[PDB]
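2 protein chains.
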Amino acid sequence: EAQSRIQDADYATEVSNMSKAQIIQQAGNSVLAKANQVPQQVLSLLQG
Amino acid sequence: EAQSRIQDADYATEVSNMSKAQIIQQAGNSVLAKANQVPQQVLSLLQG
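Just so you know, the sequences run in chain order A and c.
Just so it is clear: in the first sequence, position 39 is 576 by the entry's author numbering, and no numbers are missing.
Just so it is clear: in the second sequence, position 34 is 571 by the entry's author numbering, and no numbers are missing.
Please note: incorrect hints may appear among the correct ones.
Identical copies go unnamed one by one, so any copy, or any two together, can satisfy a pair.
[Said to hold, decoys possible] Subject to a maximum C-alpha distance of 25 Å in a straight line, what follows is the list of computed SDA-like cross-link-like pairs (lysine to any residue):
(1) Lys557 / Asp545
(2) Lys571 / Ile561
(3) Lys557 / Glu538
(4) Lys571 / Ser553
(5) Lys557 / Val575
(6) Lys557 / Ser567
(7) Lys557 / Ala539
No wet-lab data here; the hints were simulated from the structure.
Using the sequences and the hints given, assemble the complete structure.
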């Protein structure tokens, strides 16, 4: 029982952790796509 | 007489003893099955 106390992660805790990690990752990927939408306003200015 | 006083267990006493022992054994086995119904709720948590 004491060894179980020391070891044996709580599935509730790591389930919540991975869920929020996955959402943060997807948010980061979407924001990365928005930021990698690099300025083409420079291209727009170029022909002006 | 004296040897009978020393030896010769009381059939009433050991009949009662084994009866309650058998009941305790059956109760322990049923509770053991209930406990060995080891957490599957973690499995439910996973797909969420």
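Here is how each hint holds up against the structure:
1. With identical chains, the CA atoms of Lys557 and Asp545 are at most 25 Å apart within one copy only, with a shortest distance of 21 Å there and 38 Å across copies.
2. For the identical chains of this complex, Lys571 and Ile561 are intra-copy neighbours only, at 15 Å inside a copy versus 39 Å across copies, given an alpha-carbon limit of 25 Å.
3. Taking the shortest alpha-carbon separations for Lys557 and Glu538, neither the intra-copy value of 30 Å nor the inter-copy value of 30 Å comes in at or below 25 Å.
4. Taking the shortest Cα distances, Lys571 and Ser553 never come within 25 Å of each other, neither inside one copy (27 Å) nor across copies (28 Å).
5. Taking the closest pair of Cα atoms, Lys557 and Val575 never come within 25 Å of each other, the shortest separation being 28 Å inside a single copy and 27 Å across copies.
6. For the identical chains of this complex, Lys557 and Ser567 are intra-copy neighbours only, at 15 Å inside a copy versus 40 Å across copies, given an alpha-carbon limit of 25 Å.
7. Taking the shortest Cα distances, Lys557 and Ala539 never come within 25 Å of each other, neither inside one copy (30 Å) nor across copies (33 Å).
Taken one by one, the earlier hints fail for this structure at numbers 3, 4, 5, 7, listed in ascending order.
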